[PDB]
Amino acid sequence: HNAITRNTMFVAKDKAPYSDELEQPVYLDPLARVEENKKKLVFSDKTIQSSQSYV
Amino acid sequence: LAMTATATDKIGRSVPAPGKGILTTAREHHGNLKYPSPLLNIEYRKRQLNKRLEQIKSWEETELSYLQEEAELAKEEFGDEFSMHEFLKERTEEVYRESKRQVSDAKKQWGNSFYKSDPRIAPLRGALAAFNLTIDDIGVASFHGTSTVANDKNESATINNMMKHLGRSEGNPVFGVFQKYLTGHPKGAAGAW
Amino acid sequence: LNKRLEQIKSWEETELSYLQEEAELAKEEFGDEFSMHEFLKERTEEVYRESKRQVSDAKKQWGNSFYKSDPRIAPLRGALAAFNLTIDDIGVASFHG
Amino acid sequence: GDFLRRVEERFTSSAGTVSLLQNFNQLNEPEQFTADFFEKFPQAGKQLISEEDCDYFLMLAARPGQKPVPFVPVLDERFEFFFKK
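Listed in order, the protein sequences are those of chains D, R, E and S.
Quick note on numbering: the first sequence equals residues 1693 to 1747 in the UniProt record's numbering.
Quick note on numbering: the second sequence equals residues 1403 to 1595 in the UniProt record's numbering.
Quick note on numbering: the third sequence equals residues 1451 to 1547 in the UniProt record's numbering.
Quick note on numbering: the fourth sequence equals residues 935 to 1019 in the UniProt record's numbering.
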């Protein structure tokens, strides 16, 4: 309903979930996945090669 | 052909500009190396595979024993005529296939594709490890090598960063061969040459 | 399928029993320090995955893709028969038309 | 009442039905009226507020000549006008 009235259905992404410092450490991790902050879904540093994602 | 892959890079506004999405053929989890993984060892999977196949040939010789009583239990009450000789011929060979698919599924679980649910094994670590090969045995990398400023450092940084992550010995480079000097870039036909 | 999964949960509970003697057999002789508590934590959950892939391979052998080596089952007979469906249940065919 | 005039208008279809709310003086005892109203619309109690009926609600709360509304519905450009006022 919000999109059909305000012409904003296609929200073109300008940023990837990873940063340029974190595009490659995500690629080498089969388990590192996106957390949410500031109502945006981006990657972080503490989710990469974590000791808590293999239990 | 042990491995094959394709990969899409990252959000951008430049289509001819390359990226590094294929660096995730070497993705694996290194958060805890205190325990070596049991499943990379070739003799671990062999004794897991042997105890499975003897569980299968026991499954096969047991189900032929069930097939004898099953003739008078479910086939003599199916027709007024007794044709019970071909019924054993149809189902002894039907056990032989459904025992044979279990042999091929047991070997694919322990020799071919044992790494497909393990995050601690890369796709490219575990493709080679089916053949008891290490990462130190990829010797050549035929680069895409298309003579541009952007490609030959992106292709070089991708092979460097996947061989860094998989544990090459320091001082074992792969030899880059660069065929497009000779054949040119046949844009669609490139990967076949 | 039931006689296979009880053969798997027997395989799982047996291999945890092998994991107890395997600590002093192959891990105490690996380092001068004794960190043997995390070694069981690494490999009890590693048994849990390699038991879980055997459950998914047993179900795919007997529910999902049981027809893939049988010539007496069509690809379209055996795709529907995974869901206990007959050929009489394809109701519509959207033709290319 | 002028909000409930949108709720009958939203959840009825192609009909021209007479209203359950003929006169605003029916709202002088609402708790027995609102229940009898929302048994005619069981689907209103499960569908969320539409966005067309959401900015309508904000247009009712800031209408001229009204008593200012006893709550704040949005954090927007108009917050102090909703707040201190």
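Because the hints were derived from the structure by calculation, they are not lab data.
Heads up, the beta-carbon is just placed ideally off N, CA and C, and yes, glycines get one too.
Hints may contain errors.
[Claimed, not checked] Just so you have them, the derived chain R footprint on chain E, three or more residues with Cβ under 8 angstroms:
| # | stretch |
| --- | --- |
| 1 | 1486 to 1499 |
| 2 | 1508 to 1521 |
[Said to hold, decoys possible] Once the Cα atoms are required to be at most 30 angstroms apart in a straight line, the calculated DSSO-like pairs of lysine-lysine come out as:
| # | chain 1 | residue 1 | chain 2 | residue 2 |
| --- | --- | --- | --- | --- |
| 3 | E | 1459 | R | 1510 |
| 4 | R | 1459 | R | 1412 |
| 5 | R | 1491 | E | 1518 |
| 6 | R | 1459 | E | 1509 |
| 7 | R | 1509 | R | 1453 |
| 8 | E | 1453 | R | 1477 |
| 9 | R | 1502 | E | 1459 |
| 10 | R | 1422 | E | 1453 |
| 11 | R | 1412 | D | 1738 |
Quick rundown of the hints versus the structure:
no., hint, in the structure
1, 1486 to 1499, "holds (count 6)"
2, 1508 to 1521, "holds (count 4)"
3, 1459/E x 1510/R, "holds (20 angstroms)"
4, 1459/R x 1412/R, "violated (50 angstroms)"
5, 1491/R x 1518/E, "holds (21 angstroms)"
6, 1459/R x 1509/E, "holds (20 angstroms)"
7, 1509/R x 1453/R, "holds (12 angstroms)"
8, 1453/E x 1477/R, "holds (24 angstroms)"
9, 1502/R x 1459/E, "holds (23 angstroms)"
10, 1422/R x 1453/E, "violated (47 angstroms)"
11, 1412/R x 1738/D, "holds (21 angstroms)"
Hint violations for this structure: numbers 4, 10, all remaining hints satisfied.
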